[PDB]
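What follows is one chain in structure tokens, specifically the form deposited without the ligand.
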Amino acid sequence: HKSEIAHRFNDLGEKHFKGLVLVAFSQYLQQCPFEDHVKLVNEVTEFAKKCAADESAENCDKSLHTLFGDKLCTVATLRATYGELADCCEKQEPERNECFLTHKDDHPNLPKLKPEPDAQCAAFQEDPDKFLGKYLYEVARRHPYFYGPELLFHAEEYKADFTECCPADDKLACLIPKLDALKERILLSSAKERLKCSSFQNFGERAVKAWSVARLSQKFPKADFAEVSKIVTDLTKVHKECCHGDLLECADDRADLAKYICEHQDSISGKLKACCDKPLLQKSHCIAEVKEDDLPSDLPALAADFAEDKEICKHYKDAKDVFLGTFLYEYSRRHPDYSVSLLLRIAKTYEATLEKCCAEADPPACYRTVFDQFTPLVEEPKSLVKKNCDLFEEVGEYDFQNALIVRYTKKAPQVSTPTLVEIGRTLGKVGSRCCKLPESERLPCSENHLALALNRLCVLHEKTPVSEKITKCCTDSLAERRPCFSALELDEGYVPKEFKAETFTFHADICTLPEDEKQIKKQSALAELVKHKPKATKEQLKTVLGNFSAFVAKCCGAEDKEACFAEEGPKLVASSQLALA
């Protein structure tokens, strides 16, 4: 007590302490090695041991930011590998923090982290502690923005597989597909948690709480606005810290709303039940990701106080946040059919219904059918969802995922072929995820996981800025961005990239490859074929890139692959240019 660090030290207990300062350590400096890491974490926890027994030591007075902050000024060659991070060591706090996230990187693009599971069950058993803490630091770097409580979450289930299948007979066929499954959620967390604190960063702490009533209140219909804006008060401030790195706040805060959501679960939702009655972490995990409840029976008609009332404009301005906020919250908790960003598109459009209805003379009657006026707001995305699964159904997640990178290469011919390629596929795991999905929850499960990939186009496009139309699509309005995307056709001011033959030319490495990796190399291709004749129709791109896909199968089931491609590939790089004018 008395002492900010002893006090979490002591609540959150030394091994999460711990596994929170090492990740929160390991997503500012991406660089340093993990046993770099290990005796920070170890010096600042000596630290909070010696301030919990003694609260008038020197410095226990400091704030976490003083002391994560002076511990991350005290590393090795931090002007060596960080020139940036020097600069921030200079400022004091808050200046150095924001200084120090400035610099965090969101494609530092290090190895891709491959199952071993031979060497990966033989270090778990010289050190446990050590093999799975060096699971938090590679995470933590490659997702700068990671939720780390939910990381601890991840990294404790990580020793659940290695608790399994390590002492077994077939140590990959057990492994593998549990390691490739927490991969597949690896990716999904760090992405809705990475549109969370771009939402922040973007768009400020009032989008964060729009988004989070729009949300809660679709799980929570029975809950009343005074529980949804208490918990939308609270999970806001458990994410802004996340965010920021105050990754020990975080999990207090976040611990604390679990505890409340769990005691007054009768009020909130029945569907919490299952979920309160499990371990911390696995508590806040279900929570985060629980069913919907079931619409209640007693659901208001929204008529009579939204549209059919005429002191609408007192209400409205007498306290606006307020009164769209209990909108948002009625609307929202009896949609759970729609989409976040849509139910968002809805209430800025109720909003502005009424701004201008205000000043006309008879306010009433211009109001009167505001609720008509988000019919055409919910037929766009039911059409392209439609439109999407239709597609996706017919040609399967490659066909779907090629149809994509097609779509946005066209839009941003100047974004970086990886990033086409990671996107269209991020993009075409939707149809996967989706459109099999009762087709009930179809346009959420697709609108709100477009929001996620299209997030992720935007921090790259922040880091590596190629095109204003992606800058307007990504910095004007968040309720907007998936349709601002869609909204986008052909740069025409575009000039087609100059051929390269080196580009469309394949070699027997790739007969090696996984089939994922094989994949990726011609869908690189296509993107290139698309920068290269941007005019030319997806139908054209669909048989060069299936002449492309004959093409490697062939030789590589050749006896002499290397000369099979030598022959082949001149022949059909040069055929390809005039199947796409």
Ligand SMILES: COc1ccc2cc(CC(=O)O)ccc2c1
The other form holds:
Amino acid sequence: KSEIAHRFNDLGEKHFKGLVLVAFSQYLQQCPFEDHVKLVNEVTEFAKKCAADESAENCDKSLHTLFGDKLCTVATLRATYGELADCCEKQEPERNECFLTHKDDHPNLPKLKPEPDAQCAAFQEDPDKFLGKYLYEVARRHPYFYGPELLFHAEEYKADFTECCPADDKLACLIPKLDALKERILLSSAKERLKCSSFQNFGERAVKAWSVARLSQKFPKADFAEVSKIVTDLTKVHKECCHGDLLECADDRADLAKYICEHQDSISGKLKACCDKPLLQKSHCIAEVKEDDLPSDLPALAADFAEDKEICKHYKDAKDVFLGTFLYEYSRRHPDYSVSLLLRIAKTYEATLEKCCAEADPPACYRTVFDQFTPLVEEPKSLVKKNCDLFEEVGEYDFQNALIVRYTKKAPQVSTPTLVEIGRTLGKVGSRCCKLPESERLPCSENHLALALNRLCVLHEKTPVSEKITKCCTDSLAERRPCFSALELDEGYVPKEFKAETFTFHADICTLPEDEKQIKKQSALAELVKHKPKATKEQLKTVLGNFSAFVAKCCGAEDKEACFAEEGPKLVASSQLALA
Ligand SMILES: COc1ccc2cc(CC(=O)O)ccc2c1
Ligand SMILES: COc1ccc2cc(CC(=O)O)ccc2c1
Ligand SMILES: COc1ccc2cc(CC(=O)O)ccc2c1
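Next up, the form solved in complex with the ligand. The previous block was the form deposited without the ligand.
Full complex below, order starting with the chain above.
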């Protein structure tokens, strides 16, 4: 009868309000917190009014009709969001489809820096409003954040402020906790942006293929019927809150958590801890659940997928279904393979049957299909061993520096801030994955590379500069990392016009936090590669060493500004000659 009433009844007032605020904040990122709270209230009031008499007028209307109508009431819409105001002319589903399009993944809003004194005072005088502020702030900085996951992260936030506002030291309790949370948000955001990116660019079939591989790894003892059910239900959950249907998304995610936990004995022995937790905790715990031990009775696949004489017959009859089965079974027995590698192997299996089932005697052709996988497995293992050997040797900052040089040579047209952010994110992959048991290194590395490279691809949709990057981002989801790995310096690139002020440093740097200095120095490294792109990585390491030395020296000088002014131009001059 009335959908708005249905969701309000199910989710509760608090969660309904939470998700509705996120939804509004994600669509309208530049509008004030004052304004969003009033739409949140007005909509909520309508849901209560509808939940009372469902037969009331306008209550029959869809969430999209109602949420999109409310978005067109917002003061100064044409002035602030001209691009988004045109959509308000259109009917549904055209209008929401129009809204979704005009979202910003890099809205350049100020860095989210904690103030222990002022925030604790805001939390005390009204916690409900203080938590609302958090949802708003993070939502407009991550327009594709997993809605119910945000409500979960907003509880971690509240848990930190409840612990640290009465405490003796208000900074030393709160500063490293909110930095760890900001770290966790960046990762949750990254995973859920790859999901939405995969829908936008490659489609539902691609997201399903990815989910089959991942869940098969996480739940190896689950039947193919069970894994299919969960993938079907999970893919609909992600499709919904990637498309802004946060009320639908939240309801469906809770149902799937309820399902996985009712059937946990047939799915995995790792879910017992997750299933005895509250609703938001439960959903988060399952999503991040440890992989189940391999079953003793795991079947041999050679007979079914290489030896059997009617494989072509099976394959031809229903391709997507047969391929699903192979993906399911091969992923189950390889928790030591990345998802992208499993999708690569599946695409090589598909290719072998396409070829072999055109020839005179197929069985003799596809008998050795599994041996076509060995080179696909050794390539990534090489790149992980090589990058981890480099990381453990030189550390996060130099490894990051090695990667900024690698990717600035690949895509020198890409902005320095973008190259630096990607180099630094790729550097974290070394820190996170190289320390893990070497069996867990490959999956960790490639699954986090997918996040880092999807970031780069998202930034590159906004400001396209490179046809090589476009091709790597749009061609094939499974072949992305290999595609990016394959890029070399463009021999037809014109070296950056040397601008002296680009490499000019002042005393301002000396007061900066550690990482903020790194960013400034790493920004300079990128600008060096752009001006002298044929310079060896060993040349660049030397020159930036000299830059670091110079900065440390002048920050410790009596007259810091005089030191930068006298030393700086000499260093820049001789740096040009060292990079020949
Ligand atoms: C374990 O950490 C890493 C970090 C960056 C990597 C980059 C690549 C991709 C490339 O070759 O450019 C491959 C493995 C990596 C492993
Ligand atoms: C149903 O089985 C599959 C297996 C591998 C797949 C890989 C991709 C990835 C890509 O096409 O680049 C997409 C769908 C798949 C479906
Ligand atoms: C400051 O520029 C750097 C720093 C460290 C690096 C390490 C490597 C690793 C290597 O030298 O083989 C490569 C480039 C770098 C660039």
